[PDB]
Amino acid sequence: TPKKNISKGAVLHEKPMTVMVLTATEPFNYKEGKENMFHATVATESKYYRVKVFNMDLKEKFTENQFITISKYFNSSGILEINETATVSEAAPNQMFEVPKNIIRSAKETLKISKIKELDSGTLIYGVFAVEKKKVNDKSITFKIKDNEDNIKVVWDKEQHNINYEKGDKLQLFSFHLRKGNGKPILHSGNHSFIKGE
């Protein structure tokens, strides 16, 4: 189906958009071993975007600093999602552009934890954070992460502990969900979450 693996409520964009690839993770299985994906960050002249890619045929195309043109991709609350429905081509020279330094900078920065806490519940969070505590449990792995001004609990709920993380490492989070309500805000894993040592 054209919407296979795409997030609920995502909007199809048929028009081509050219982006420069900044980063991409290795592929990994999710949905209890049934599907694969990888995370990426790309930039246009005006914005950077987090990207979730479900078509493994594209892994070779998501190369650092290369320009690619994407169409029939989806937009899920600002996160670009790309499945087999999309077309991805190498960009024509006359479609390339310079990505402003401030965009590159933004795409690499991590929001302050105190600022993260002010966002709406359900907001997807990405970033690199110092680790204060780590606890491996039967059904979860939890962390206390911190920056210079604040700390927050991270809950990894996926039944799987094969995380490439070593003691002393900073923790890199992809697509965690801010949770709040009555009590302390936390970052909780979701179907697409990925965690690794920096």
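Between two forms, the rigid core is defined as the largest C-alpha subset superposing within 1.5 Å. Residues that one form lacks are left out of the comparison. Numbering follows the first chain given and starts at 1. Compared with the form deposited in another entry:
Note: rigid core superposed between the two forms; among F38, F62, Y165, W156, the CA shift is 2 Å or more only at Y165. Legend: core-fitted overlay between the two forms; highlighted is 159-166, the single run of at least 3 consecutive residues with CA shifts of 2 angstroms or more.
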Contents of the next structure:
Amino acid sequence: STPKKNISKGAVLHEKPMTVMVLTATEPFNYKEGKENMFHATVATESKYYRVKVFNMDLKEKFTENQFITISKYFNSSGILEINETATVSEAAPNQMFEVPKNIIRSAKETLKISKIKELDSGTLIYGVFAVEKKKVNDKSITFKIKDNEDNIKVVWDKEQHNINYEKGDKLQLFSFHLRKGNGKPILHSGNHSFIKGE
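Could the form deposited in another entry be shown next, to go alongside the form deposited in one PDB entry?
One chain, no partners, no other molecules: that is all that follows.
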């Protein structure tokens, strides 16, 4: 539809094919409100793991746990792969397949300590699974609090009301949330691509 369409500001295009194994992917959902579906994915190589944002819905079938794929003309914004109709995505050839270390996989399912998160620069993109607290409904928002035990952080959802909690004691899983500090006590804020659900 357009070369950089749906791509983040300043993302760098990556030329050469890279082959990865899919760990994880979410349902497509909706943003830029009402237009623009996308979905979230985690993939790995032998060396490292990447978080992915997928703007071309045709790719949804290629993204399934443990499936190997080859990507080219994708975009990297600050370490997060972004992918749209401009990229080519193939089912990988066996010769291109490889082993993926337990470490890497452990490492890519792993969630930071709220303590450690708070030492991070403003605007940092946060992902993780968290225990939850009392929510709220506000004319135009929703409010959480989540526990690492050793915190303690508030979470602000600015988007819209659909999803599933989940009868509270269900835990809470976060994609692409924005760290905000300022003068106040810091919080995690919803963003373009933000996604929450029960784990």
